[PDB]
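Presented as structure tokens, the chain that follows is alone, the form solved without this ligand.
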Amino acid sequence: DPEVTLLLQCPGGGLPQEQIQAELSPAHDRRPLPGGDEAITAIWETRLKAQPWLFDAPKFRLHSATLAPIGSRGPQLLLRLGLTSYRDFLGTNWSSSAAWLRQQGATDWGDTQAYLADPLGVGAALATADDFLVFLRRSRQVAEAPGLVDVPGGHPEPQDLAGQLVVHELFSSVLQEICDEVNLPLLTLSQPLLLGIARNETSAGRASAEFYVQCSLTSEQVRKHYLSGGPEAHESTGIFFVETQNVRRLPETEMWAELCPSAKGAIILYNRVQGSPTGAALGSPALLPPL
């Protein structure tokens, strides 16, 4: 699967909010383009003069993420975060020249991402009380990944001593994206666990944090909540469900070629971190069928 690379696989079946530190520093920002950020400004002007109702928004930037030694006490993960914008994204990762920017970053900084916006995404492997994962069908009219299968998520807009508020906003934002798009009540959702971080190689290597969230509703009840908002309540064009039993082999199905890079990251991390049992009982042949 060349379109997705794993940056991080969390231990312990996934990390809760209380085990994660962030460092939000301008040292973690994108570097100015070699010939100047006027190139980004020019692309933005062209876009606004065609679509004047567009607006900029701030985004978090992922610089790097360092896991503690496994088995340790205290904080288990440090996220090194900067700030970027939707404008900077459109001028870098989304640009036809994004591969040239990666090569220049390797040359100048020994960092393929140094000249890229790399806005941080969030997504969920969202499980039902009757053991299905939730999938969404993207509109064929949107700019990114038209017509492909996705999971719930997005690219959060901002607002350890400012760090803990940043970790709180990231965990809050994946629940808010589930409430906004799937139309579920907040009180039906578990506190999220971070499964890991995945890079989207079709979008010049931008990274997304992928979470596991449990819902106390059945698949039939989730479908009812999604549909009862009507066409204007969601950006997706449909909802569907796959048994957790069958997610195990999803990369061998015809569905795999329809999943956008976001969703593929979330399913690989769910299979490695929540699936793949380690103990004698769940690892027995009747419960973990060979092949």
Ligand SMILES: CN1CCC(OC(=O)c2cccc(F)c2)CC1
Contents of the next structure:
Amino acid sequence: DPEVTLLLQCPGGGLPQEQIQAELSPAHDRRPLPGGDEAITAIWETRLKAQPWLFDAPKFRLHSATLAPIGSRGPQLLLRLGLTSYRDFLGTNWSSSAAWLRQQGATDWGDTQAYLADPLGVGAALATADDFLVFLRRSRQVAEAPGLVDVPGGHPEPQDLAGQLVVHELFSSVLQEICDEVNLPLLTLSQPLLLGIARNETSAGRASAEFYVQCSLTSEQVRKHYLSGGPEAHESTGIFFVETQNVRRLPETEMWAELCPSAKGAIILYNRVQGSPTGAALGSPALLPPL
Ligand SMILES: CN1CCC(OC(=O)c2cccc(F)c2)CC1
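Which structure goes with the form solved in complex with this ligand, now that we have seen the form solved without this ligand?
Expanding to the full complex; the earlier chain stays at the top.
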């Protein structure tokens, strides 16, 4: 799967909010482009003169994520974050020249990402009471990954001392994206666990935090809530469900070629961190069938 690489696999079946520290610092920002940020401004002007209803928004930038020694006490993960924007994304990661920017960042900074916006996404492996995961179909008309399968998620917007507020906004935002797109009540959702971080190589290496969330509704009840919003209550064009039993071998199915890279990231991390049991009971052949 060349279009997704794992930056982080969390221990303990995934990390809760209270085990994660953030460092939000301008040291973690994108570096100015070699020929100046005027190249970003030019791409943005061209875009607004065609679609003048577009607006900019701030975004979190992922610099790096350091895990503690396994089995340790205290905070288990440090997220190093800076700030970026939708405008900086369109002029860097989404640019036709994005590979040239990666090569120049290797040359100048020893860092393929130094000249990239790299906005942090969030996605969820969302499980129902009857043991299915939730999938959404993307419109065939949008710019990014048209007609492909996604999971719930989005790109959160700003507003360890300022750190703990940032970690809270990341966890909050994955629940808000589920309520906004799937139309589920907030009280049917568990607190999220962070499973890991995946990178989208088709989008010059921009990263998404992938989370596990449990819902107290069945697949039939989740479907009713999604549909009862009507066509204007969601950006996706349809909802569907795959048994957690069958998610184990999804990379061997025809579905795999229709999944966008960030959804492939969510499913690989679900399989390694929530699946793949370590104990004698769940690891027994009748419960973990070979092959
Ligand atoms: C929904 N509608 C209006 C907004 C358009 O998108 C944006 O201009 C945009 C939306 C969110 C964040 C952002 F930075 C930019 C898409 C069509």
